[PDB]
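Following the hints, position chains B and C against chain A.
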Amino acid sequence: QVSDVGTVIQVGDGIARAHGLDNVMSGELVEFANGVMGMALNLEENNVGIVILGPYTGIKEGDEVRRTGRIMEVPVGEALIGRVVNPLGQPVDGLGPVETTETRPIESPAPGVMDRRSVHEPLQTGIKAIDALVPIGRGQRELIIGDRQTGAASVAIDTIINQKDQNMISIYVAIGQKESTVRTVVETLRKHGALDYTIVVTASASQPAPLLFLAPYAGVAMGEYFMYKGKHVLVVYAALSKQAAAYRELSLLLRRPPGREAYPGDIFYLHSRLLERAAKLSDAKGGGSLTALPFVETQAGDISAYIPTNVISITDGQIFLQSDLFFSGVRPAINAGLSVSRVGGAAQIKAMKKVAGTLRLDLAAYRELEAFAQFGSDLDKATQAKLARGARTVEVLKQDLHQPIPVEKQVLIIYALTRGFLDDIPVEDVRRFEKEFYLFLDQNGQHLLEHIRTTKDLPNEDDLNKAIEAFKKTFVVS
Amino acid sequence: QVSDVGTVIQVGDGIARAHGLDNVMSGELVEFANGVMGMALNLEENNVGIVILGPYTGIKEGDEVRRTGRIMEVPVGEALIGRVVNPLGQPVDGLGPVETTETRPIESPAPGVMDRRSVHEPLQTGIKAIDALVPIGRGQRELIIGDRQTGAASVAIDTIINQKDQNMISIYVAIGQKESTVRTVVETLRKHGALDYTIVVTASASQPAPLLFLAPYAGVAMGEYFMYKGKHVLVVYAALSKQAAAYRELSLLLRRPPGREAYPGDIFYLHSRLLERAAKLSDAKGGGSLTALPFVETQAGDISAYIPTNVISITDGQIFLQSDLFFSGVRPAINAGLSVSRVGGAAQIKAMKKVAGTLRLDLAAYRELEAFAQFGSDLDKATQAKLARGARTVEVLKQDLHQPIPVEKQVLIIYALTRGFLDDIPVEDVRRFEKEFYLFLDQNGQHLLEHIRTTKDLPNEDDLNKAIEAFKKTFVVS
Amino acid sequence: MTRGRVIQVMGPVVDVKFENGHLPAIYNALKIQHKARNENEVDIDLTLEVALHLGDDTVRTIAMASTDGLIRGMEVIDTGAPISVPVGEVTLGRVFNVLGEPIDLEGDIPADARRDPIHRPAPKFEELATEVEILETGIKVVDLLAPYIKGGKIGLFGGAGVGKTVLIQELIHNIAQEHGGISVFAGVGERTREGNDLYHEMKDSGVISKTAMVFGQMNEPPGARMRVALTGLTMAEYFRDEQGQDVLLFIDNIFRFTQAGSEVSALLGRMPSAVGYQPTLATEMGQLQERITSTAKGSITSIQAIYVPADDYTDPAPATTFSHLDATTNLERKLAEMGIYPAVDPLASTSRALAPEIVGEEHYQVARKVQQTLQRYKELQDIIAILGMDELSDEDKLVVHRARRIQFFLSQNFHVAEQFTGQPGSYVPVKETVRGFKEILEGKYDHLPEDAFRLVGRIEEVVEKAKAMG
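Residue numbers (our numbering), protein chains in the order written: chain A, 137 to 614; chain B, 137 to 614; chain C, 279 to 748.
Read the hints as simulated data drawn from the structure, not as lab findings. Cβ coordinates follow ideal geometry from the N, Cα and C atoms, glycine included. You may find that some hints are simply not true.
[As the list claims (entries may be wrong)] List of simulated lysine to any residue pairs, SDA-like, C-alpha gap at most 20 Å:
id, chain 1, residue 1, chain 2, residue 2
1, B, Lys592, B, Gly480
2, A, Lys196, C, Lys295
3, A, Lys196, C, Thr280
4, B, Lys545, B, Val138
5, B, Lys421, C, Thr280
[As the list claims (entries may be wrong)] Among the chain A residues that face chain C by a calculated CB cut under 8 Å, a handful are:
id, residue
6, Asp149
7, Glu197
8, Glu397
[Unchecked claim] Covered by chain A, according to a simulated footprint, are these stretches of chain C (three or more residues, beta-carbon under 8 Å):
id, stretch
9, 600-614
10, 719-733
Just chain A, with the same shape it has in the complex:
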């Protein structure tokens, strides 16, 4: 009777309780007779509280529990790119096993205060509205908050696609999403060719609460390897709201007392410990980076809720999506009223900075001119010109699905919009105008595009104006 190997006592709702295991450490990995991994949380006087990471149907009281001798670990390596794995690091797409050699602990200290560094490089999200009003740096932790069915996932896929050539790895972590949705997302990513530099970690709804709770930590742990080696990483958590729900269920099962809205008081620490690893290292540490874009699901557009407050406190800034404008098919409203990028602004290149101010002012004016000002024709002062120009801006701010616009063409079209060149063409032809504009730049604007791509600054205003005017002459109004 040697007690370096445990024995089960109680099993229920995914939580076991083994007896023995004298030399076990808190957080070690234990594997049952079935082959299911397990977490060891509480080391009481006699028994050990075990959390089961998988199907607990087959584990019966009286089974034997073994030790592995390793703290919570995840396989990491270059071979992981292009695969789909569960949070434990096992492939779920078939295609053979994975050849990994190194691992990293799930819980690791975040970089210290001296190690970090102020972020100064842009992250081209390929969306005109975002890159104009709410720019994102390469070390930021920006929240994207909105209701359901508001194209948030769409934004995620465009952001991942646009990095085709910016030498940046990416990771998409889906929490509580439907398996069919995840499969369609993987298929469209493969179709657009992004699987050469991405990794997908999935945790569907059918999977247990421990896996739902552990997935984001696994994702960021995978990221940290490249981050410390010296590359740049982008990580997109899907539903921190569902992760919080899974943790709440786990807590209430472990008999801990709840707090506000039945949430245990540990939820803020749970979120902060995760998000705080996203930082831009100094040049001495290696020059790496890691940016995150978590989402949150709200009800009826209510920011007051506990989880939105916690995440908005942790994050650098938020991007709000308005549900009402989603009905009109537009890319959901990037509401400039609540959207803010406190860290950003220093990330934007000067070329786009030169115009972002006038876009912000114009959008503020047009949005401030409500339906009361829209009523009637008594508004005969410059308000009519303001309304027409604002309508031009709103029409040009729309985008298609999975259509990343390079920053050069973004700044070109936005300058043409600002400098009055679009004040004459009716608002119904702006989209075709943009399309032919891109074609014209592709066929002739090589000098302008090269200059912007190389110097990150506007070209000669006169030359840009004359090229735009030439396109205007060659354009035909419907």
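Same frame as chain A, but now just chains B and C:
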């Protein structure tokens, strides 16, 4: 080995724990040492949680507890008609004992889904408003929800009395009512002469909680006998809310885990098990039926509480009573705006069906324009006509107490009002007009009354118009 | 050994004890058959399912029926596997309770029939379909405005007396006729008489010859009221997998399924979640919905009725359900009062399939045009009801004309309504209905009376009827 005997361990608040009784069944009947009855609820590994069914002050720890071997059962038979009985089956009105020779368990399975037939016969309550707008058919379980002091017991008593001529047997179950109110109700029923076909089951507020918990089940079990003999039964409970309160108190005392509003987990199961035994049997089973009219009281019209919500979800429709209208003076103050009866339509005779719809639309139209009556600036042809029609219809719908109206006279007056024949009578004399019209119809309308009675169909419209014209001519305006 | 004995009874929750080392696994089923040895006993036949292991070789189970008459000491027989339900063509045209025993009087299933476990892991990642498909139902409104996805979940709102049963019957009949796919109805927490009436209606209409029904009545314990949905789903999964054909699955009420889950969790004794619901609400819903998918050789599409508690769209149960839905159709009293069927709302109803990448740019544009025209008509109705058509301009008069024509054309005849009308019904293909709607939008048929657009379906029947009255 103690097998049919046991000793008491703890006492208090009507809850006793006994040691032994190893061969007892859950829900059995247990007799104490001094003759007090008891039912065993919880069967633990060493103690049997017993609930005391009487004055428990006479039981000391160490008392002898005996076994009976009988699942909870109530006396039943034809001798119970015209008596007042507590749920245990004993008379509380003197007048000697009963002669019930057969008993049945209080817990029986409900009739199966293959033994039921769609409801197709009317239940004549004699109240014009409900009989015209929210009809009740035999075999339907309809809920009457209202606040305190809103004539709920009044409506119950009228619909009990009105069954004098038909074949129905009615059972009145008093839960938590004052003994004074129960005595007055019994006396008024005797004076009206309804005691020759009714049974009253009483559980006063002074009685211990288990009796309140058992009263509805005793009533339903008493009714099911006449169910399966082939008759028609109507049963009324006053306080499902108070029964739920008693059960909650019992469960909390027996140390069962609590849920919403400290209610035990199976309160919905209790209510559904009680109410689902009311159905209309198929012809293979004899053709019996049992309709239930439970009452629920809401404080300040809060139908959002747990018990009202559950009963609403269980039952087939609501009849709303309005405190403001009752205070204003409207009797019975039926809120026809919110009341609904899903069974209705098929529950009415053809004569009433041909007339109900027009009056329903008239009330619906008038209800939304009640604010127009403050000013005469109303558009006269439509809006003022609607106001006059609505006032006349409401004044017709008012009624006094303990005077049920036969269906023929109901449909007569409804037809007269619907066909616009009353637009001339002043709105302050319609009640006198109605009484005089009933008198005149009793005088010489016996042919139309007989035709309606024997065919359930409207009489000849020409003769009806001639008779109402004659009465209108002979009437005098005050 | 298989023999075990009872030691604790607390209402619907019962406890068992087994010889050490022979404990049944979780979710298994325990059969109790007893004969009254004397007159102080009652015959009992009860089936329990195992939930928790409390240690000490004891097991905490819940009951599927009344627990009265139980005695501490009865033998308990272990089946060794979760609840088993017959599957195959024998299930069609029958009515079962949660345990797979027929409720009707047609007779007992032979014991040799193949049976399957209730609980089952969700289909793996590999087996899922790689693209989205559109389910062509043949009902003009739904395949135009709010299309149904092969393998998706569809929410259905609406109260009583609106034609919900008629719509269900029409969907079942059309799907059977045009796809060779059976359908299964699962009445979670239904009213008994309403279920009986639905059964009678279906039997009279003749739809029941190609369906299988599972009924869980409101008088059943929470265990059965939870497991009825799962047994219906495992009935449908056999047809999805072995037969390789598209199937339809209905659920009478899912909010009641969640409520039963909460009640059983409270009985088990876990601390309640936010509004008193069980902590495991999300994972229970996930384990239910995740098996309704579309694989490489079949599909299951689900039509689920939802009742919102206290009319609050942010309640946890409606929120959790809406996290899964793909489309929504709303049934309206007003459209019911007007001579329009199936009285589905053309504005409140919505979908996820309404995108050019799925249905096509032409279909999308036609749908958007219809939406905006109907919205404009709704806006003008309020002023027109008080001002008369005189103040309406020529363009708005044309808009009102076209909107009335469109709104009346949205109606359809049904194969179901033949028993009361005589119209042989219609099955309108998507291409035909979109072409007809575009042509009506173009104004080609503005000279016809509006009543010629009433109950035809295809666009040719419109002109034939119009010629019929001349």
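Results for each hint:
no.	hint	in the structure
1	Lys592(B) x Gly480(B)	holds, 17 Å
2	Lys196(A) x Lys295(C)	holds, 15 Å
3	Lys196(A) x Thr280(C)	holds, 15 Å
4	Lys545(B) x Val138(B)	violated, 69 Å
5	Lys421(B) x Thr280(C)	violated, 41 Å
6	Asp149	holds, 7 Å
7	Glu197	holds, 5 Å
8	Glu397	holds, 6 Å
9	600-614	holds (count 3)
10	719-733	violated (count 0)
In terms of the numbered hints stated before, the structure departs from hints 4, 5 and 10, listed from lowest to highest.
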